[PDB]
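Before any comments, here is the structure.
Removed from the display is one protein chain of the complex; every other protein chain stays in position.
Chain IDs A, B and C follow the sequence of writing; residue 1 opens each chain.
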Amino acid sequence: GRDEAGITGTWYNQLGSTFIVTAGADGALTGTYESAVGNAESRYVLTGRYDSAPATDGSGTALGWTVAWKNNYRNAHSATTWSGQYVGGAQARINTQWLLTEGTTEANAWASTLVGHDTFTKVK
Amino acid sequence: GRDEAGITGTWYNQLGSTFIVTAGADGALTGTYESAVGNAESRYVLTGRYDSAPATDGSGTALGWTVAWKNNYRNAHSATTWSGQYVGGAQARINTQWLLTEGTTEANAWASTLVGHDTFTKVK
Amino acid sequence: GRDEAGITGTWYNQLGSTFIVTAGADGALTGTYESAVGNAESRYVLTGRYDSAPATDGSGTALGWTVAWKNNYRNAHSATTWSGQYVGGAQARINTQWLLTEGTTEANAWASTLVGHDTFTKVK
Partner (left out) sequence: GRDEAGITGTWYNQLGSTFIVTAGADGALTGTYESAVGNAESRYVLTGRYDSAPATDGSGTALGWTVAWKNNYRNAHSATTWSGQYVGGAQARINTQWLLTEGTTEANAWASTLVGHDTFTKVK
């Protein structure tokens, strides 16, 4: 992948969360997520995809991943998906928007989904 | 997984797209996505996660998945993440919201991300 | 406005909420909103804007409005904005997506905003 080397490794967001990812040559993302906030402790499995052959015109690299908030410690009956782009260079960044859906009854489904934005850096 | 059997198989959304998924006992989602609309043709790899031990109180099952819109035919330099819940029973449904990010330059990044909502059924 | 007549009146969404709006020739939307769900009772003031000179090519009419969830009965310390399009004709519809932000502390601001989608019809 063009940004395989650039994406693979440890990232930190503005909340102090830790995103540990391996980018496969084939577009795969695999790793672990540790949230600094919410109904979470320790690492959770993540999986996703990225564009392994991005535009060569200075565009970012599109990518996304999911965490289901179940591990050996806790179950928050919820999943977050991050959707965004990798921007390479001296201060490389992953700029995301995310959707967090909780399991709800049908009557409460209007209130099921939070939306926010996370920015990941290699330092922090 | 509680809904492993319920989730695994072929789903269709309101646009006529086809979502082919296997739910692993361990929370994994793997499969293929075929979009009826946009800069896409044929199937794309998807991966995600779901809550393999949901609440037993009538709540849905939280889940999410990603598609990077690169395959052997086309590259739309973009990724969609669906975040939502599986609702079991006679008319089982996956109710989602999604974020579609395109690779952009830094100057165009304000305009990088579409948001929408898809509902998947076993028929259609 | 092209859709001034079409927009003005009483709308109902999929939750059974009631949206009472007047469209001004100048792009103004004014009226009241009554939610069937959440920390709400009776009517709340709404204001917004719409495109009073839409495309004549079969496109919908872009529009949006806000409700702050404070009235003489209750204060949910929150605001919803609906963003979407009016689609005219036999089964006229307002198709929206919405953002509901609650006042939070800085530490809880990651969890401040819900996202969803409402479809309004003239019947229901």
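The criterion applied here is as follows: contacts are C-beta pairs under 8 Å (C-beta built on N, C-alpha and C of every residue); 3 or more make two chains touch, one makes a residue touch a chain.
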> Which shown chains does the hidden chain touch?
Replying inline: A, B, C
> For the full complex, which residue in B:6, B:38 or B:88 touches the chain that was left out?
Replying inline: B:38
> What residues on chain B make contact with the chain left out of this view?
Replying inline: 15, 37-38, 99, 107, 110-116
> Where does chain C touch the missing chain, residue by residue?
Replying inline: 26-29, 45-55, 57-70, 75, 77-85, 87, 95-106, 109, 112-113, 115
> Which chain A residues touch the hidden chain?
Replying inline: 97, 115-117
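To be clear about the criterion, only the chains that are shown with their structure count from here on.
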> If you average the CA atoms of chain A and of chain C, how far apart do the two points sit, in angstrom?
Replying inline: 31
> Taking each residue of chain A in turn, which ones touch at least two of the other chains?
Replying inline: 99, 112-113, 115
